[PDB]
Amino acid sequence: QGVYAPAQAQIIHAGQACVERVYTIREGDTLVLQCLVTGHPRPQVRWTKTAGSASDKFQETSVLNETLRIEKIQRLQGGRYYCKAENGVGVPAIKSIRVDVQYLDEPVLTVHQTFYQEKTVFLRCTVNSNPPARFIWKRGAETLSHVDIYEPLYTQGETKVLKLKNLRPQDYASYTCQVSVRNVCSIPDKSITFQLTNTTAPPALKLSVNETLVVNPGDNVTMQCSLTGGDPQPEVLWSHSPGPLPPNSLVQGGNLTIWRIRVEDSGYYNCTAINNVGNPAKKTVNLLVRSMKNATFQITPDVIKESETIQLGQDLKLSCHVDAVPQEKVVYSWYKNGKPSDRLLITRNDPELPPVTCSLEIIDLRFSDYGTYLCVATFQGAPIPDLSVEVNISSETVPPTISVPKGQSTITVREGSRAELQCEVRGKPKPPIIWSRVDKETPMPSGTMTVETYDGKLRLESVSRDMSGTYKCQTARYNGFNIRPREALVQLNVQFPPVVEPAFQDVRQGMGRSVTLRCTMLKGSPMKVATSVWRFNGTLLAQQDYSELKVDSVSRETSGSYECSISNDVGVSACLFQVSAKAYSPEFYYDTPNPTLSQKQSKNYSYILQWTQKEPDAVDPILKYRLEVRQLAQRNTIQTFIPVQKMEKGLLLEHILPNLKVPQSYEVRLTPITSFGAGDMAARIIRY
Amino acid sequence: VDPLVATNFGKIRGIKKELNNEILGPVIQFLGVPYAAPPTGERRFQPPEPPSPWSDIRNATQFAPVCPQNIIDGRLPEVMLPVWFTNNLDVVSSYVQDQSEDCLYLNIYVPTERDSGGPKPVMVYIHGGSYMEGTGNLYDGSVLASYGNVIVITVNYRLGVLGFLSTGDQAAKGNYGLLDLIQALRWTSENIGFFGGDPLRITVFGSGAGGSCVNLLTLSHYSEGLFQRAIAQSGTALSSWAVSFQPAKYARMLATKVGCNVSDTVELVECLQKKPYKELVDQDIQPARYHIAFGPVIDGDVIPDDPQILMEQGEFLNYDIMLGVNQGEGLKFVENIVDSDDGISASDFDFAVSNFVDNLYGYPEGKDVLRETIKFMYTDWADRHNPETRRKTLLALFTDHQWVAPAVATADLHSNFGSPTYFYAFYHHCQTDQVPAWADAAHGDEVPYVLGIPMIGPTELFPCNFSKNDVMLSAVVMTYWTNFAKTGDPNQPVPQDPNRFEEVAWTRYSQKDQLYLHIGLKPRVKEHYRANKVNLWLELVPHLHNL
Ligand SMILES: *[C@@H]1O[C@H](CO)[C@@H](O[C@@H]2O[C@H](CO)[C@@H](O[C@@H]3O[C@H](CO)[C@@H](O)[C@H](O)[C@@H]3O)[C@H](O)[C@H]2NC(C)=O)[C@H](O)[C@H]1NC(C)=O
Ligand SMILES: *[C@@H]1O[C@H](CO)[C@@H](O)[C@H](O)[C@H]1NC(C)=O
Ligand SMILES: *[C@@H]1O[C@H](CO)[C@@H](O)[C@H](O)[C@H]1NC(C)=O
Ligand SMILES: *[C@@H]1O[C@H](CO)[C@@H](O)[C@H](O)[C@H]1NC(C)=O
Ligand SMILES: *[C@@H]1O[C@H](CO)[C@@H](O)[C@H](O)[C@H]1NC(C)=O
Ligand SMILES: *[C@@H]1O[C@H](CO)[C@@H](O)[C@H](O)[C@H]1NC(C)=O
Ligand SMILES: *[C@@H]1O[C@H](CO)[C@@H](O)[C@H](O)[C@H]1NC(C)=O
Ligand SMILES: *[C@@H]1O[C@H](CO)[C@@H](O)[C@H](O)[C@H]1NC(C)=O
Ligand SMILES: *[C@@H]1O[C@H](CO)[C@@H](O)[C@H](O)[C@H]1NC(C)=O
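Heads up: the sequence lines are chains B and A, in that order.
Numbered by the deposited numbering, the letters in the first sequence go through residues 19 to 37, 45 to 139, 147 to 178, 184 to 377, 381 to 583, 589 to 733 in order.
Numbered by the deposited numbering, the letters in the second sequence go through residues 51 to 163, 184 to 295, 305 to 576, 584 to 633 in order.
Errors might be hidden in some of the hints.
[Unchecked claim] Just the calculated beta-carbon pair ranges, DEER-fashion:
| id | chain 1 | residue 1 | chain 2 | residue 2 | range |
| --- | --- | --- | --- | --- | --- |
| 1 | A | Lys608 | B | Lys342 | 52 to 60 angstroms |
| 2 | B | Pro542 | A | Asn340 | 56 to 64 angstroms |
| 3 | A | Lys612 | B | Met489 | 25 to 33 angstroms |
| 4 | A | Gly445 | B | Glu150 | 25 to 33 angstroms |
| 5 | A | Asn340 | B | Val221 | 35 to 43 angstroms |
| 6 | B | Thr452 | A | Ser105 | 46 to 54 angstroms |
| 7 | A | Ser105 | B | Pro542 | 22 to 30 angstroms |
| 8 | B | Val539 | A | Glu358 | 57 to 65 angstroms |
| 9 | A | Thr458 | B | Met489 | 51 to 59 angstroms |
| 10 | B | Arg219 | A | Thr335 | 19 to 27 angstroms |
| 11 | B | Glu699 | A | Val345 | 46 to 54 angstroms |
| 12 | B | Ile701 | A | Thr335 | 32 to 40 angstroms |
| 13 | A | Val345 | B | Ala173 | 56 to 64 angstroms |
Read the hints as simulated data drawn from the structure, not as lab findings.
Think of the CB as a built atom: it goes at the ideal place given N, C-alpha and C, for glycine as much as any other residue.
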């Protein structure tokens with residue numbers, strides 16, 4: 019390639035700046058970076074940014090523009106930017122620049138008090161700033177070692198501390214930290230002052246409730262957090278964990294009220310006081326709302342005899358459980374066709393089973409034990425309602441077995457629609473089913489690894505292909521037999537339309553020569569070409590995992606747009622080819638001094654129009670170019686023909702436009718002509 | 051059979067290779083593949099240009115000439131090179147005896163086969199000892215490729231003067247060797263698909279200065295989209320010998336040596352371009368101790384700024400990263416000061432530190448307190464009189480400073496800025512009769528395991544009598560390395576299948599917990615590798631500089 023030149027970039031500075046490779050500006054101002062580029066064909070330019078995805082100044086910022094513009098810049102918008110410029114010839118051009126937004130926040134001033149001879153106070157001054165700040169202390173007059186000043190570890194220049202080793206009376210004054218950023222980017226210094234007095238003292242709090250507070254749902258609880266010391270007067274603030282305070286909870290300020298408290302409102306409520314003196318005071322109260330949920334039973338046949346079924350002459354455990362907030366306060370009552381138990385039937389409150397689970401055992405099972413057992417969980421004198429779990433034991437009760445009904449082992453559905461997976465469980469009682477995925481360890485529509493279901497149905501509203509795989513269904517260990525869970529698998533096909541290749545392809549070839557088009561299917565379920573249909577300019581044609594078409598003679602009559610419509614049994618997708626013997630667009634040459642002043646008079650200049658032909662040998666040879674010249678101002682165009690002598694990839698072509706009015710601009714449209722006719726036209730604007 | 055592949059530059063013929071191992075399948079080798087144009091004539095001290103195409107079938111059955119170098123004990127630095135290299139120069143010499151300035155060639159190893187189907191991952195090995203010598207030809211990727219079912223590529227880039235000379239201005243911007251590596255990666259991205267490789271899963275890895283190269287590439291915008308993951312073994316961009324900070328100084332010393340030292344930097348470079356490459360290579364240019372003369376430079380383009388500044392300010396893309404160090408990197412640092420009793424005297428200890436402080440910490444005021452503080456920290460106060468314990472701690476000092484501290488700094492910053500990071504410590508090796516019996520895993524000792532050398536038994540380059548445990552550990556390392564390449568997770572998709587790594591999942595590294603994998607015959611995950619000594623160099627010592 020003779021004239022084709024690799025891209026070349028250069029960054030230039032604009033907009034508001036201050037004062045080599047870095048572009049420093051004040052926060053809030055406007056950034057303007059321009060990337061000048063050269064090379065042929067004219068390379069494209071995009072400004073991008075390079076930042077750690079997961080921290081601090083990060084934005085995804087890909088703009089296709091020779092000018093980067095950030096108005097009212099911010100701290101985070103800062104960082105390193107690079108301008109990339111490419112044109113196909115050679116290696117892309119890259120230039121780097123660091124934008125260094127600068128600032129100086131208001132300084133924070135805090136103070137801390139502290147053998148037994150001298151009292152010592154530490155005045156700590158902190159500020160966030162770019163560049164690193166400079167600190168100056170003063171007590172009306174500037175202070176030096178004459184007391185001590187220094188920067189501690191675990192600070193990157195953002196902090197200085199003023200140490201008053203011996204607190205003499207003159208020291209009881211107004212201390213002010215004056216922090217400066219060296220006035221770079223014309224940024225003013227800033228100051229903060231504090232009134233150090235012998236009454237100065239950190240905050241202190243008193244709470245109107247105990248360490249831990251238990252309450253019933255609906256109850257109104259109000260908590261008074263009051264100051265008991267602090268100078269300056271500290272600010273009191275309530276907070277909640279987990280999550281925010283509201284709804285139904287209002288902060289008057291100091292006073293915290295919770296109306297109609299719900300069970301989910303339980304947790305820690307912390308009152309904190311701050312006055313920038315010493316450590317902030319904090320009082321913490323843990324509010325526990327009572328509740329009982331998820332009462333469950335378990336049938337545990339003889340474990341030592343290795344049984345999974347109720348058999349006469351065996352031990353039979355009937356457990357009981359409920360989830361409660363004051364878990365230690367629950368009490369269970371076992372009834373059996375009424376409420377009874382010493383001999384043969386015994387109570388056990390805490391086995392290896394879940395926490396706080398009451399379970400009676402029946403030694404030497406007997407037909408007389410066949411009955412309806414009931415467990416009643418309750419709170420000692422609590423207004424909340426009791427909870428119960430009934431569990432009928434009889435000859436009929438039997439461990440469960442699970443299976444897939446008929447042939448729904450593999451069930452296929454189209455993407456988007458709803459899907460329903462099915463397992464059917466048998467036994468008395470029937471435990472709920474727990475669905476999980478096996479092919480991989482991923483979560484589910486519900487967002488967790490498993491879902492509970494009693495009907496043995498798993499419903500999928502908006503089924504996604506991601507869900508396509510293998511699913512496990514198994515019996516619960518609760519609300520039934522506490523036995524090795526029975527398992528069964530089901531396949532889930534999520535069908536979706538095909539995707540073919542290429543989606544679009546601009547095909548060029550001589551007039552007498554032939555060409556073959558292939559449309560290939562990569563993904564698609566079913567992964568089979570149900571049918572492939574080649575179409576030409578709307579009309580259908582005549583006719589394997591893919592489809593092929595051969596254009597015998599690329600002529601004006603056969604040249605056009607071919608469409609291969611590959612389709613599975615669910616949807617259709619098509620490749621689209623553009624066949625022709627059109628020459629490619631000419632490539633305007635932009636890097637030359639063009640205009641020629643006619644004696645600076647007659648209002649005439651001339652322009653040296655230059656360009657190259659992209660891939661001259663891709664089609665029939667270029668005979669002549671049609672040159673059009675319009676002035677923007679008027680519709681009429683001057684049409685001319687440049688005749689090509691011959692050309693090779695990279696040869697520069699030239700043409701002078703003799704009569705052009707000195708101040709106006711012109712549009713230039715340049716079209717190649719081959720035996721096939723007009724190729725792809727290109728356009729450009731020239732100017733004096 | 052006859053491996054022929056048509057690339058964008060022409061047809062290429064490969065060569066089938068059987069491995070000396072019944073479980074490993076054979077591989078296809080493409081040796082001496084041009085990935086750039088010869089950097090000769092006006093192309094010397096200039097960026098690489100794409101290679102010229104050919105119309106026939108080009109043979110790739112043998113290694114191409116290596117880049118100009120002089121390792122025949124031509125005053126090379128032993129403290130920077132891997133012990134396996136320096137202890138076997140006669141064999142190493144045979145790999146670089148055939149030289150030419152036209153040396154921009156790469157080698158491709160393709161497996162002949184597993185489980186998941188589709189384009190296979192590509193692992194590009196970047197060699198490097200001191201930037202002055204070496205060749206990818208020394209690293210046979212056959213076993214790694216065959217065992218892991220991945221494509222392995224070794225690259226040859228311009229070395230020393232020819233690859234890194236810089237005048238500090240536009241006359242010679244330097245980093246030519248890095249540009250060749252970038253160009254090699256470009257070639258790979260554009261042509262590896264023809265070999266069955268996945269350009270969307272390219273992992274770059276290297277040991278020593280090769281590891282330094284890997285990290286420097288991750289800080290360059292030129293690497294965008305080129306590769307997705309990086310593995311850096313015993314090498315960072317933050318060490319004292321990773322970058323040449325005074326290129327102009329050394330460029331003029333060379334010029335003076337060859338009669339090219341003129342005022343104009345442009346005329347100086349043109350003068351060098353007229354000189355025979357051998358004349359430039361054979362010159363004696365000694366750099367400051369623990370530093371380099373000719374190597375990567377901060378040009379503001381390839382390398383936008385000091386790696387330290389770029390990393391601290393998170394000015395780098397988020398690649399998947401795996402990095403680590405060996406228990407006893409600095410063997411050669413003390414090996415030369417050890418007495419006939421395998422111990423180090425208190426006076427020798429003081430001397431080493433004194434030399435150490437002066438060379439790395441050239442501060443005029445305060446070097447005294449520094450030397451004394453460093454001695455105290457690296458003194459074992461329990462058994463303080465033992466000359467052998469003194470040897471170990473001194474070795475640790477150099478190891479901690481040159482390898483451990485920089486690696487942790489890199490890992491901390493990468494993870495902190497969102498890059499998935501994995502950290503390891505190599506506490507195993509195979510002792511030859513050429514290394515002291517008291518030595519632990521030294522610099523480069525992990526290479527044979529990563530390359531699967533134990534599986535094909537002792538080689539001319541790696542003569543150690545590998546044990547069954549060496550084979551087992553080698554398999555494990557290769558499993559982890561290729562797993563990272565395949566998914567970005569050392570634990571996926573191949574499980575560790584007695585194998586002591588069966589239940590050992592390699593947790594991701596974070597600055598808060600700093601979990602790392604202890605690689606040895608008793609592997610397991612630990613936390614905060616040498617936290618105390620590492621923090622000394624990274625936090626306290628810098629403070630003693632007086633800001
Ligand atoms: C109602 O309460 C019962 C407990 O009585 C809950 O059943 C429990 O569910 C959890 C998770 O669903 C089970 O955790 C399991 O831990 C084992 C550890 O060996 C592990 O292998 C399992 O994969 C699972 O993570 C727990 O075992 C199970 N307890 C019993 C007794 O079955 C039930 O989920 C609660 N349901 C509702 C709606 O509140
Ligand atoms: C580039 O961006 C500037 C402002 O950011 C705008 O004025 C101009 O029209 C844009 N031009 C192009 C070619 O993107
Ligand atoms: C503190 O200063 C005040 C002056 O406002 C003085 O009255 C008082 O005695 C001093 N001592 C204490 C302990 O407050
Ligand atoms: C809670 O407050 C509401 C009004 O705020 C009142 O009507 C209700 O009786 C109160 N209930 C209790 C238990 O204090
Ligand atoms: C409240 O304090 C507890 C410990 O006392 C702590 O665990 C919790 O995070 C705190 N919550 C808030 C909002 O500060
Ligand atoms: C507490 O504040 C609530 C509103 O936040 C108010 O309704 C209630 O009367 C207050 N009670 C006390 C004792 O301060
Ligand atoms: C169990 O027996 C009780 C006894 O009254 C009956 O009400 C119930 O319907 C039976 N079936 C159950 C609990 O499933
Ligand atoms: C097909 O339609 C396009 C639409 O412009 C046209 O250019 C082409 O000539 C048509 N082909 C034939 C064979 O008429
Ligand atoms: C200037 O251009 C006009 C036509 O636009 C032409 O008639 C005239 O002769 C030209 N004069 C010169 C000096 O070129």
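Results of checking the hints against the structure:
Distance hint for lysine 608/A and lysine 342/B: a CB-CB separation of about 43 angstroms, inconsistent with the stated range 52 to 60 angstroms. At roughly 58 angstroms, the beta carbons of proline 542/B and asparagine 340/A sit within the given window of 56 to 64 angstroms. The hint said 25 to 33 angstroms for the Cβ distance between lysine 612/A and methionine 489/B, and at roughly 29 angstroms that hint holds. A C-beta distance of roughly 31 angstroms is found between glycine 445/A and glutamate 150/B, which places it inside the suggested range of 25 to 33 angstroms.
At roughly 40 angstroms, the beta-carbon separation of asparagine 340/A and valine 221/B lies within the given 35 to 43 angstroms, and the hint holds. Judged by the Cβ atoms, the range 46 to 54 angstroms given for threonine 452/B and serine 105/A holds: they are separated by roughly 52 angstroms. In this structure the hint that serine 105/A and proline 542/B lie 22 to 30 angstroms apart at CB holds, the actual value being about 28 angstroms. Distance hint check: the CB atoms of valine 539/B and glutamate 358/A are about 60 angstroms apart, consistent with the given range 57 to 65 angstroms.
The beta-carbon spacing between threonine 458/A and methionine 489/B, approximately 53 angstroms, falls within the hinted interval of 51 to 59 angstroms. Between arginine 219/B and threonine 335/A the CB atoms are about 42 angstroms apart, so this pair departs from the stated range of 19 to 27 angstroms. Evaluation of the 46 to 54 angstroms hint for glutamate 699/B and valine 345/A yields a failure: the beta carbon distance comes to about 33 angstroms. One distance hint, 32 to 40 angstroms for the beta-carbon pair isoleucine 701/B and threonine 335/A, is violated here, with the actual separation near 53 angstroms.
As the Cβ distance of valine 345/A to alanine 173/B is approximately 59 angstroms, the hint placing it in 56 to 64 angstroms holds.
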